[PDB]
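S.K.: For reference, the chains in residue letters:
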Amino acid sequence: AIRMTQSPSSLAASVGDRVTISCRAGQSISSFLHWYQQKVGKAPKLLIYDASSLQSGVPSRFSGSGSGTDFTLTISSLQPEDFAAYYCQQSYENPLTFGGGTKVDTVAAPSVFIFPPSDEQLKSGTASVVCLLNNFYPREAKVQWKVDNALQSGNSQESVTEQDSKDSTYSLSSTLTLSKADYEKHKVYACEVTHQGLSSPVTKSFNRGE
Amino acid sequence: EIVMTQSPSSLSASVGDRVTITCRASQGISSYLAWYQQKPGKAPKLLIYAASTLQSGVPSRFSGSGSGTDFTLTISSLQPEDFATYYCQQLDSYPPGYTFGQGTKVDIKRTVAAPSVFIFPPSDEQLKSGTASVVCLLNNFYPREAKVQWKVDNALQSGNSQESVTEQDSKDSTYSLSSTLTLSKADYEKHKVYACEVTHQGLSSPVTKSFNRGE
Amino acid sequence: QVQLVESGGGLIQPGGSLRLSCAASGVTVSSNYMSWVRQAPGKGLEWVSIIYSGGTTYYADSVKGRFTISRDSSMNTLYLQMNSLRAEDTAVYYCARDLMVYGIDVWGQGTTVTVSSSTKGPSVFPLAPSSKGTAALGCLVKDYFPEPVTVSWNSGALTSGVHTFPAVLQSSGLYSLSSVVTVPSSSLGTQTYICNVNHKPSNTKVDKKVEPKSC
Amino acid sequence: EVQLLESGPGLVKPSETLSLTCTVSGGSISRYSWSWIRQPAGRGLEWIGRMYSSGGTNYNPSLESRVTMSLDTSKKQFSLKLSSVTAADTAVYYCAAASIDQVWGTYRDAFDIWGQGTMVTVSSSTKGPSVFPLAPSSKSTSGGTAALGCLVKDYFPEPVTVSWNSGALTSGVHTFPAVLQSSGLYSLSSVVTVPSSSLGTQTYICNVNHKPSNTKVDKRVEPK
Amino acid sequence: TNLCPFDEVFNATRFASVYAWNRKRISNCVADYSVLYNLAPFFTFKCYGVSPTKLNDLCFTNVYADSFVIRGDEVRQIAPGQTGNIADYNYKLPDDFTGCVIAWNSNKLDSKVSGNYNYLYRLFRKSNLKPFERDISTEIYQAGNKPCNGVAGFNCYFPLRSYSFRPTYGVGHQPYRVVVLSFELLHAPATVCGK
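Here the protein sequences line up with chains N, T, S, M and D, keeping their order.
Letter by letter, the first sequence follows residues 1 to 105, 109 to 213 of PDB author numbering.
Taking PDB author numbering, the leading residue of the second sequence gets 1, the next gets one more, and so forth.
Letter by letter, the third sequence follows residues 1 to 117, 119 to 133, 138 to 220 of PDB author numbering.
Letter by letter, the fourth sequence follows residues 1 to 124, 126 to 225 of PDB author numbering.
Taking PDB author numbering, the leading residue of the fifth sequence gets 333, the next gets one more, and so forth.
This is chain N alone, in the form it adopts within the complex:
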């Protein structure tokens, strides 16, 4: 199989920046290279075919170049809708192969919200506490849980959305799950947030039982 190698595997850039992604084939593939854009939770979309030809409706800020072994995707002025994973594909020989992908990721501080467990969930025997960070950039954030001021470690899981196609921000949720009996042993449930957009770490809490 013709091995395709992309560089970098991930890069962070601002709106208006020039982005360049290299793709190298293990052998000459002439011009049989295609570029795909994949948004979070979406199928891939064809961007460029035959190393340099733009697909219909693709903006002219995208450009492809290269031949033989070495290829490049350039975004001349990055837009909020361009934050995506990018893949090169060769179509010179079977099997068809993809590159490893390149993830393209102003500062905005998160808005922080906290949700106690619902009464419905408590009735069933468990307590999930949810912390929401809304509309922030860059993606890096630290979210810690404190329960009556005890730092939780290993007790929560988080996940992060897609770079919004309008404002290029992220949102994140973190969930702390306890048994109902353990939930009822404590009073103050807090999530602490550290982010570049914040002067200092911030905390939002509630007291069990309002």
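Worth flagging that the hints you see were computed from the coordinates, not collected in a lab.
Be aware that a few hints might be false.
Chain S is nowhere near these chain D residues, computed Cβ spacing over 12 Å in every case [to be verified]:
no.: 1; residue: 340
no.: 2; residue: 346
no.: 3; residue: 359
no.: 4; residue: 361
no.: 5; residue: 370
no.: 6; residue: 384
no.: 7; residue: 388
no.: 8; residue: 389
no.: 9; residue: 396
no.: 10; residue: 437
no.: 11; residue: 469
no.: 12; residue: 477
no.: 13; residue: 489
no.: 14; residue: 518
no.: 15; residue: 526
Quick list of in silico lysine-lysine cross-link-like pairs, PhoX-like style, CA-CA up to 20 Å [said to hold, decoys possible]:
no.: 16; chain 1: N; residue 1: 149; chain 2: M; residue 2: 140
no.: 17; chain 1: M; residue 1: 13; chain 2: M; residue 2: 81
no.: 18; chain 1: S; residue 1: 218; chain 2: T; residue 2: 42
no.: 19; chain 1: S; residue 1: 218; chain 2: T; residue 2: 128
no.: 20; chain 1: N; residue 1: 42; chain 2: M; residue 2: 212
Away from chain T, derived, C-beta distances all over 10 Å, residues of chain D [as the list claims (entries may be wrong)]:
no.: 21; residue: 356
no.: 22; residue: 357
no.: 23; residue: 369
no.: 24; residue: 417
no.: 25; residue: 486
no.: 26; residue: 503
Even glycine gets a Cβ: it sits at the ideal position worked out from N, Cα and C.
Chains T, S, M and D: place on chain N using the hints.
M.R.: Using the frame of chain N, we list chains T, S, M and D on its own:
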């Protein structure tokens, strides 16, 4: 011209057997091949086209495979309505022709049955006309393959005999064959011992039935 | 109604001419690959000619310069003009719709062509049972033209154990055939056996009594 | 416009045969090449094979011994069979088609049409979620903006889909990636930020679909 | 002093299908006849109506370069006065064709192990093609009495098929790249001269 060699010429199978028929092309024809089914008195029926694609309406137990020179038709589970004769075709433009295979007859298989051999001298009424027809009968045998050798005073006769085979009997699945040795009256009166030697799978050794002219 | 209907076949002397017709309904002849396929008695299918929807025609080597394929779009009919016919052209002729790689899906019922150089009723000779549990006797229906003949035994009263073989074509151009039956040996002296030979083309009906030969 | 819809088992046992089918609408089947592509979690796209309306097939050699592709032009469908499935066959499976090149060529190796993909999980029973409200309150109301949501808990396998107000509410919706809990069941949250004045005025209903278990729930989320 | 773009036609990395054959209009240039001047024996070279040794001494109004791909058994049809599926339904040359045809075995370029179904051809057409006619229509061919209405069914088939070029096939089923050079001389200024 392309020569389509199809084998075997005939094969015997019971209901539920997995049947395989082979077609070999003289030169490469890629996937340009088709398989047909034909029953006595009917038109051919297209089974497979493009070597391995099943024609619409054909049961799924039929399947074709192969590309280039060697091709095989496969009946995974033979059914009663599948006892027929099958052909392969080079459905390719060059070189003209569109040649068919020699064909493969798929008859009903049963236990081996040896034939009953009878020899019939020419009638006195026919000898009065000037021609002598000696007939050898092979009654109710299986399988179809049978070899009949005429001997005239121990001289093996070839070229002056014709054969005829009945279709597989609808009740005991046996075949019956007739062989007619034709001579002039003058030639018939030049020899004494007339015999037909029958070799068959059901016979441990060749069976010979004979008569002497005028006894 | 998707069908092909052949006509125009029949008997003709060698060197003569004959025109076959193929009336189509459902399939448009001028829009398809239309082929003629023939099948001699007891042999396989032989491709004859094809006409492309664009007018391109092709012929087998054995029929080049003698056969010419044509069509009439207004009639939706395929034709095959056969000139300088020979004996080996004797076959059932099928017209068919060729789909190239998709096979030949539509076949006609076939029209019979017989090329031979005169109408004759058959001579019926007895195949007498020998003097030596079950015995075989029969009738030799020899030298007739054309096909076919029908044979019964005891006006249809005897059917069990009857084998009427398919006819063979002799070098003389006349057909020969034999119909045998196996009976218990105890009945040869008490049961009369007559074979009934019917040959409509010659207005010939013959009843031949088969008896054990008297030395 | 040609559309592609994947169908098949969302959950399969080890050593079974996965059978996927892609249904084709809105065009001629004979003008496209038809491909299967998979995307394992944390990996790139992997091409499985291609088929033509002529019956010609090409496979990825690494999968060729386990893969069979078939085309049913009468049903307008093409299918993938994958024998002897393993945990490594857990992926999103996409059907894709190649553009009907005119001057360019014929089957310009460039997948212009994609299906939405289907999640196939290989593990030895499917389980539907419970849906709990994340109710808006003073603790999820910072000034003029309030947050509310649904917690979609204890289901297996992925995926779930969530919409709000039958698709009429899209602004401010954030549906997060599911997390695999230590129980081996997934949990996911979907939240929306809304004007605080709309609490008790706009009805907020999250529409949850867990296709593997055929579980659909419309949960109304009310304050307090 | 522009040179006629012959390298772009012969040295092209990808060729067109026979049903959608590509044509390069070459005019107002100096023809370096050398790609066809000395061709090796493994090249099929047949000229009609004009001699190759005289092409350097002739000026033409326009020279058309038609390129496509067929299989080996079909190259004999790319000629004046020929019939067949390629000649009648894909690429037809006139009876008074003035030019040369060039064809070479491209089994090392257009044949994949798993089959190269990219190259296509037309199988069904209601009538024959006129000389230099290109039909890229993909309408469902009606072979029966009932209208198709874009439905692939009985007596309603798609008019294009794939070649499936595999290297293990015979020479008659291996891909051949064809380049047809037409030499036109009408009432016009002659601009394609030789040197």
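S.K.: Let me make sure I understand: some of the numbered hints might not hold for this structure. Which ones are they, in numerical order?
M.R.: Numbers 12, 13, 18, 24, 25, 26 - these are the hints that the structure violates, sorted from lowest upward.
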